[PDB]
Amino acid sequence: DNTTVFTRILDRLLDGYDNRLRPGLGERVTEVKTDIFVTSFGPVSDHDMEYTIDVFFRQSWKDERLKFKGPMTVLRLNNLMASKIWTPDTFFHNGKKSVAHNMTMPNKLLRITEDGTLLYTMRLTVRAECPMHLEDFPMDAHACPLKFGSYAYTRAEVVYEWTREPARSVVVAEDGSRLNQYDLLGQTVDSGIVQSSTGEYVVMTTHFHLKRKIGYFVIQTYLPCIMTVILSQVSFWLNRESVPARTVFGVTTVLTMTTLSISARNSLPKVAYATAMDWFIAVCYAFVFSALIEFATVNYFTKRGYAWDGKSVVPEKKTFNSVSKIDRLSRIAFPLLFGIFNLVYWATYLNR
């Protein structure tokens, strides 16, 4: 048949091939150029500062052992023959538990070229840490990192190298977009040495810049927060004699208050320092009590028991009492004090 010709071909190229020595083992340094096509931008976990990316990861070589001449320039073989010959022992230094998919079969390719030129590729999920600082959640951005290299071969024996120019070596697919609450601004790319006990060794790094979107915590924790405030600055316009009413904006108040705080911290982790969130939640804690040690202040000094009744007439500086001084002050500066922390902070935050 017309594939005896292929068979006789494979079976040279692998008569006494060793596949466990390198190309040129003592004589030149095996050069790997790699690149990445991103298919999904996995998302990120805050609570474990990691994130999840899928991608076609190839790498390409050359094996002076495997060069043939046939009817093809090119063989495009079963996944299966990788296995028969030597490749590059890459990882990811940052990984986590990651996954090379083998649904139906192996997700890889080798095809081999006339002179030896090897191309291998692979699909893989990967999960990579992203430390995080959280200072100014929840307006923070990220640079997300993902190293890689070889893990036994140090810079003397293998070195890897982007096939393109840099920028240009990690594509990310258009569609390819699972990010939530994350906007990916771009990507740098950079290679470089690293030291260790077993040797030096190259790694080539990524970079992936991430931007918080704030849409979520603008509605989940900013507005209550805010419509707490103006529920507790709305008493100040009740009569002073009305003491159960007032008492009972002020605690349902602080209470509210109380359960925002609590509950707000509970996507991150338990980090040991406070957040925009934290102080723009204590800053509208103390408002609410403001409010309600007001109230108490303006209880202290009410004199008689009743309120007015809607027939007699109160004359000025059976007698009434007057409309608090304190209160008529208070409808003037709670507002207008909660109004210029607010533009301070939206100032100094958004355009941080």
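Between two forms, the rigid core is the largest collection of C-alphas that superpose within 1.5 Å. Numbering follows the first chain given and starts at 1. First, how it differs from the form deposited in another entry.
For the listed set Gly199, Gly116, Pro106, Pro269, the sole C-alpha moving 2 Å or more between these two forms on a rigid core superposition is that of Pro269. The two forms, fitted on the rigid core, differ between these two forms by less than 2 Å at the CA of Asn79. Once both forms are overlaid on the rigid core, the distance between the two CA positions of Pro244 between these two forms is 2 angstroms or more.
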Contents of the next structure:
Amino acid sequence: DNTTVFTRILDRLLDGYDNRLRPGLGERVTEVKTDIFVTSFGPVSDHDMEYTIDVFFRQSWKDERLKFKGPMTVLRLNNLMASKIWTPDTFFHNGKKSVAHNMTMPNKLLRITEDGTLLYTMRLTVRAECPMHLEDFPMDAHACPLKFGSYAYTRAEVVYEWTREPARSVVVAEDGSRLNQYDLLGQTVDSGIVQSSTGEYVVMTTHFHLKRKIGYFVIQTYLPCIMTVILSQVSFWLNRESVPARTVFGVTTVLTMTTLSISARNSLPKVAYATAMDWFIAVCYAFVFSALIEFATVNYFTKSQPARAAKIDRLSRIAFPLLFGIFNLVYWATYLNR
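To test you: the structure above is the form deposited in one PDB entry. What is the structure of the form deposited in another entry?
The next block holds one chain only.
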């Protein structure tokens, strides 16, 4: 019996309500407050230059056609009431394939205050494009954006605003980080304007700033390559009588660098420019290939100009370790400072 009063109120609002017209059509501009709660920041894929994010996307506007009076000032209604009224057609400009979860029911809420103000939130999983500049891989950083706005209403009809100060209108859950290798340092919230072939639209933007963590690549790639190079220079200290032994060092060391280079090539995303890792492998490849050449030269002069052959080995015991030490100083100081 108590619900009968609320049944009349709901049936009174929807009577004569045409949901095909935005509020204040041809009279003013519909203002839509917006804020986002990031429940979890999903993994970032370098192979596809995309990322995933789950949001409690909230919207709020004013519709004078839904004013009422009753026992309760707020009508916490069901998500099926949303389809009966007008709602913004907000989409994501750089979204690739987003999902609006509807398990076990459509994840939407609708609340109508007594003065017509509406609150209409939903749970989304947006996968967005994020262009990446991988010149300084794996010591690189990015700023993945997230742009959303109206699809059919120009900026003279619908304008989007943040509910609070732009810094505090996007909140990230403390435990939501699902990033394996990246590290979310912070986010920036901004607003902008776009001008398509149909008109001018208001675009709300938010950039998430990510810096990759170098820990994995030091263990997998950098340290084994350095050990292999240091292993290569061991051949210089062996006495000249163990000629067959030095042959093993030259052949196996070169072959080892092939395995590391190929295995580390899989982690390299498909690009058309030389990354920072490629320079390190290319230089380390030269040192190993230089040792084999050096051993070839000494073995060539041996038993023909033995005095000259021993002179090469004395210098090689110093030149090779010194240059590889200098190269590390130049390589790391150049990239780590950026």
